[PDB]
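Excluded from the complex is one protein chain; the other protein chains are retained at their positions.
Note that the chains take the letters A, B and C in the order they are written out, and that residue 1 is the start of every chain.
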């Protein structure tokens, strides 16, 4: 399950798998995807994790709001880093692998 | 509150403000920051928005988990895009502004 | 040659092909890859496109320097944008296609 390209890593991420690069050397890091959802207008007022300016703007829309899926990283520090992005090096790399489990 | 550089936009984003580029022409788009949080190990099992493989891995850690703040975009489509990233063009741009409210 | 995923776009980019997303609507934009090269230490002093601080640092290395391949965009404005990066939306998109030629 190794020597994968970025595209293969991405297809595994969309399947809820965890992936990593060999070149990230034994630091326990991996990437994963968090699913999207559509939040009903009725539910939206209960969301804690939006700035008030944004929450007000969206409630004024008075409609259900779609939140997109996105990639996240479990860092060398053991934090969940929201919104992981692929460097040029990562996108072109041939050393990706799928973590077991 | 216009003709700002990316750095100024970023400092406004950390203040929970919404920011945008003039060069994004009247499509209603803006960037905002979602706050970080530390989730107690006791709370973590209740999280819906993590893949099961990741949720299991983290619960096995048996510790509180930090989730980082991250930038998000309200898109031209009216979706909340999690994990917005700055293109070269955005990082070097001098046409940022802070949205009122 | 359509309805491609990002991974397929990336494999085409590594083949020197030009690729684009349907969702970028008829603005003539495409992505391409610029090749890497290793520049001999003897050649390096002739490079115009490096800041002097960086050029001095590298010449002091007194060794050949590898420059990585990277993705670039031909923009809606008709500029070559060096160092194009894939948004969350792009990485997860299923509407990529290879441009003819």
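Throughout what follows, a residue touches a chain if its C-beta (ideal position, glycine included) is under 8 Å from a C-beta of that chain, and two chains touch if they have at least 3 such contacts.
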Indicate each shown chain that the hidden chain touches within the full complex.
A, B, C
Of the listed residues C:20, C:85 or C:91, which contacts the missing chain in the full complex?
C:85
Absent-chain contact - pick from B:11, B:37 or B:95:
B:11
Quickly run down the residues of subunit A that touch the omitted chain.
75, 81-85, 87-89
Given the full complex, what residues of subunit B touch the hidden partner chain?
5-8, 10-11, 14, 33, 68-71, 83, 85-86, 88-89, 91-92
Residues on subunit C that touch the omitted chain in the whole complex?
16-18, 32-35, 37, 49-54, 56-58, 61, 65-72, 74, 78-85, 99, 101
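Operating definition for what follows: only the chains that are shown with their structure count from here on.
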Chain centre separation in whole Å, for subunit C relative to subunit A (CA means)
23
Using the average of all C-alpha atoms in each chain as its centre, how far is it in Å between subunit A and subunit B?
12
Multi-chain contacts in subunit B, i.e. residues touching at least two other chains, fall at 81-85
